[PDB]
Structures are given as structure tokens and as C-alpha cells.
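*Asks:* Residue-level listing of the chains:
Protein chains: 2
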Amino acid sequence: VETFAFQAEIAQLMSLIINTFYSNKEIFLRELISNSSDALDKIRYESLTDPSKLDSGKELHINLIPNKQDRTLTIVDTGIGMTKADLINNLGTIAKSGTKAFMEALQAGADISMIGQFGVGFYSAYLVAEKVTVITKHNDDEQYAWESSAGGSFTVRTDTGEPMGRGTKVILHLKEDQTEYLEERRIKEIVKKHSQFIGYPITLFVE
Amino acid sequence: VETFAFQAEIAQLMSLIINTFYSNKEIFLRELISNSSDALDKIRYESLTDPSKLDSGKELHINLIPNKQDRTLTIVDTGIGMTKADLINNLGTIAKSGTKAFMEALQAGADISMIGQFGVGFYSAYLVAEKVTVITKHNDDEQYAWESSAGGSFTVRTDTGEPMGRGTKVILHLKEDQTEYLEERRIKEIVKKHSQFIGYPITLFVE
Ligand SMILES: CC(C)c1cc(C(=O)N2CCc3ccccc3C2)c(O)cc1O
Ligand SMILES: CC(C)c1cc(C(=O)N2CCc3ccccc3C2)c(O)cc1O
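Order-wise, the sequence lines are chains A and A'. A prime marks a further copy of an entry chain.
When we follow the authors' numbering, the leftmost residue of the first sequence carries the number 17, and every step to the right adds one.
When we follow the authors' numbering, the leftmost residue of the second sequence carries the number 17, and every step to the right adds one.
Hints should not be assumed to be uniformly reliable.
[To be verified] Dumping the calculated BS3-like pairs for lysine-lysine here, alpha-carbon to alpha-carbon at most 25 Å:
no. : chain 1 : residue 1 : chain 2 : residue 2
1   : A       : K84       : A       : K209
2   : A'      : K208      : A       : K112
3   : A       : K112      : A'      : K100
4   : A       : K100      : A'      : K58
5   : A       : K116      : A'      : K204
6   : A       : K74       : A'      : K112
7   : A'      : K84       : A'      : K209
8   : A       : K116      : A'      : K69
9   : A'      : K84       : A'      : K41
10  : A       : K84       : A       : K100
11  : A'      : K116      : A'      : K69
12  : A'      : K116      : A       : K74
13  : A'      : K116      : A       : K209
14  : A       : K116      : A'      : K209
15  : A'      : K209      : A'      : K191
16  : A'      : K58       : A       : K116
17  : A       : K208      : A'      : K116
18  : A       : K116      : A       : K69
19  : A'      : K116      : A       : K204
20  : A'      : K112      : A       : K100
21  : A'      : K147      : A'      : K100
22  : A'      : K100      : A       : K58
23  : A'      : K58       : A       : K112
24  : A       : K116      : A'      : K208
25  : A'      : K116      : A       : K58
Note that these hints are calculated values from the structure, not bench results.
One chain only, chain A, in its complex shape:
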């Protein structure tokens, strides 16, 4: 288990998300699904010119898995996945994101729902989750587990639990008062409201 610090501005953004009063939390799901879609776009695109990249799974889809007993909502995709390095650079640093622009926007009148415009939508997970686990598998690396309850750090370790094939799985350990998002009709409502046009099957599992 390796423990890393978030880049300062990331930590600041996370704090903002966790601490700002903002009721319209449901947008977290849209942003996660949107990331999934992007990742699926990427493998689809690369696999045009190299079909062997599908050897780890041809089906391109997104699964939504609620679990009331564990109080978790899991979003799984069969997208391109992330290597260890992608994982650490993309989740722990500003990278190609508009972290700064977002935080500045928030001061100039913008609202949190616009987070996706700035390439940092993943962190909206922290509107509803006390902890977030990201399990990922890229064709070019082994399976890794990223994890963070915020507070300025995250961990990365190899994951030898259930091999995934290829893709990314985001496990949301929900806050106590956010169990709303484990309810079939609530989830259905949100997907219809915000993600009806996504170009990949979205399957909502039942319990």
C-alpha cells in the first residue's frame, strides 16, 4: 500500500465539494457515467485500428450496482481503464483538468453542477460518498485499487480481488444520509434526467 498526497489544489477542491452547502447532489452520477462514456469512447476508438485491444472484453457498457447492505453504489465500465501511472496522475494531480478555473468560477457565480465543464467531475463523488474506491485495469498494466476518504491523501495498491478484464469500477461508500442513491427508482430517475443520451448501455442491477 502506497500513500500519496493530493496536489494542493485538488485537496482544496475536494474540501470545497465536501464542505459547501449544495443540495443538488444527484449530479454526481451524471459525472461518473460521463467519465465512463469517455473511457468507452477511447477503447472503442483505439480498437478500430487494433482489435486485439478487445481481447480483454468486447462488450462496451456501464453497470450500476447498488448494495444497501454494504451501503455502496458501484459504477462499473468496460472502458479503456487506467494504468498505475494514469491512476496516480489523473486522480491525484490537476493534470489536464481545469481545477483552478473551476474554483475561480465558483467565486465568480458558477455552481457546483458545472463541475464537469472543468474536467474534474470525478470529485463530485464526494458530494455523497465518505469514501471512494477506484479499481481499474488497463491492457498495459495490472489491476490497481485507488482509495480515498479525502483529508488530503489517497492510497494505491495492487488489487488481486476479482479480476476485471478491462475497465474501471468506482465504488461509492455513501454517507449515512445519502442512502437515497441506493433506491432503484431514485437511480432510474437520475439516469433518465441526466444521462438519457449516453451512447452505451447502462444497466441498473437489482438487489
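We have chain A; now place chain A' with the ligands onto it with these hints.
*Replies:* Chain A' with the ligands alone, transformed into the frame defined by chain A:
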């Protein structure tokens, strides 16, 4: 001068944009600026780990250049730019875009303003332009000019006019009835309405 065919679905999307009655054309600028921003994000990001990528220009900005005499609106950025190959793959084929999802969305109630959600916002240029020229320079290639008046094809050639350094320049040869978008106050209005939060300076040139 090499002449290429658009991938069928691209050609179909372009036709849709050109032929669909849709008054809210001003969104074209938002989408172009958004592409610019993304491209600037990318060079910013790569230049963290390799500062020599800025040798071709350290300033990261977007310029808006109207020209009433030529009836053109030009959008210039100092982003990462595109190689010849990126140019041909990214503008001529579906690539990583949601072209299909967009066109399907349009049938299921979506509207053209949502084009950006599907990674094909560039083509909104054809709401206002009869022709679009894209001049680009990536650190890893020479300067190239892409061009298309739609109708199913585009051309690519080396550009030895004015070297750019690094970046992408989108020249919009406006349709006769769209000279609206050469007016300083109109442009100002649109940038404020749709692109106020972009994280790079946007400079509007005067004539
Ligand atoms: C944890 C967040 C950030 C996240 C990342 C991915 C992912 O694997 N990439 C892989 C690389 C890539 C390439 C293009 C577009 C998006 C992505 C995201 C995903 O599928 C879902 C997610 O919710
Ligand atoms: C003609 C359209 C498509 C377009 C492309 C670019 C561009 O150079 N890339 C370069 C590669 C890249 C990488 C990440 C995000 C966007 C972009 C767009 C741009 O700066 C502006 C544009 O309006």
C-alpha cells in the same frame, strides 16, 4: 493537396447541422473556445513534465479575430496543436466522438445545443460557416491546413504561410447572413454568456 472523404456518419452529422432549422447558432463559438481550452489544458499538462514543449511558445491563450472585409471569424489558440495524422483522424472520422449517440439523441428529443456533450462540437462551425479552414502546428510535425465546405470531403495540405509556433487556428468563412458574428458587441455578448469561466485569456481583436 490531398482530398479525403468524411466518414459516412460525419458527413451525415454535417448535413444535419447545415440543413436543420435551428436558430440558436451562437453556440458555435462556445464549442470552439471549449476545444481551444482542452488543447491548452493538454499542452499545459504535458509541459509540466517536459518544459521544452513550451519552446514553441509559453503563452497559453485564445484570440478571437473578426474580419469584416474577408467576412471571416478566426479563433486562434496556442494549445497543443495537431499532427497531420491527428488532423485527419480527428476531423474526418468518428474517432473518439459520440457522433452516433448525438444523431440518435437528436431523434430522441435532444437539441443541437447539446452537441458538445458528444465530442463533436467542432462541426457546429457549420451553423454559421460555408467553409472552415483549420491551420494547426504540433511540436512533433509541420504546419498543416485542413479545409472543408462540407459536401462530403475535406482537403489537407502543408501550410507555409505564416508559421504559428504551436497551436490551432480555426478560420470561419461566414455565410452571408451570419455577419452578426463579426460584430464586437455580439462577440462580447456570446463570450460572456457561454464562455465566461474559461481558464485562459480570451482576447477579442478590434478592426
Ligand atoms: C475515476 C474517474 C476519473 C473515472 C475514470 C475512468 C477511466 O478509466 N478513464 C480512462 C482514461 C480515459 C480516457 C478518455 C476519457 C476518459 C477516461 C477516464 C472511468 O472509466 C470512469 C471513471 O469514473
Ligand atoms: C478543429 C477543432 C477540433 C479544434 C482542435 C484543436 C486542437 O488542436 N486539439 C488538439 C488535441 C486536443 C487534445 C485535448 C483536447 C482537445 C484537443 C483539440 C483546437 O485547439 C481547437 C479546435 O477548435
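*Asks:* All hints are to be evaluated individually against the structure, with a verdict given for each.
*Replies:* Verification of the supplied hints:
1. A:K84 with A:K209: The hint holds at about 23 Å.
2. A':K208 with A:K112: Holds - the C-alpha atoms of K112 of chain A and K208 of chain A' are around 24 Å apart, at most 25 Å.
3. A:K112 with A':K100: Within the cut-off at roughly 23 Å; holds.
4. A:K100 with A':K58: With Cα atoms ~20 Å apart, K100 of chain A and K58 of chain A' stay inside 25 Å; holds.
5. A:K116 with A':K204: It holds: about 23 Å lies between the C-alpha atoms, which stays within 25 Å.
6. A:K74 with A':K112: 16 Å, holds
7. A':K84 with A':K209: Cα-Cα ~23 Å, so holds.
8. A:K116 with A':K69: At roughly 22 Å apart (the allowed maximum being 25 Å), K69 of chain A' and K116 of chain A satisfy the hint.
9. A':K84 with A':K41: 19 Å, holds
10. A:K84 with A:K100: 30 Å, violated
11. A':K116 with A':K69: 35 Å, violated
12. A':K116 with A:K74: Holds, at roughly 18 Å.
13. A':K116 with A:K209: With Cα atoms ~20 Å apart, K116 of chain A' and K209 of chain A stay inside 25 Å; holds.
14. A:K116 with A':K209: 20 Å, holds
15. A':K209 with A':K191: Distance ~23 Å between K209 of chain A' and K191 of chain A' Cα, so the pair holds.
16. A':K58 with A:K116: Measuring from Cα to Cα gives roughly 15 Å; hence the hint holds.
17. A:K208 with A':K116: Given that 25 Å is the threshold and the Cα spacing comes to 19 Å, the pair holds.
18. A:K116 with A:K69: Distance of about 35 Å is beyond 25 Å: violated.
19. A':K116 with A:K204: Status holds; Cα separation ~23 Å.
20. A':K112 with A:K100: Between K112 of chain A' and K100 of chain A the Cα gap is close to 23 Å, so the pair holds against 25 Å.
21. A':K147 with A':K100: 20 Å, holds
22. A':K100 with A:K58: 20 Å, holds
23. A':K58 with A:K112: 6 Å, holds
24. A:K116 with A':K208: 19 Å, holds
25. A':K116 with A:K58: 15 Å, holds
Taken one by one, the earlier hints fail for this structure at numbers 10, 11 and 18, listed in ascending order.
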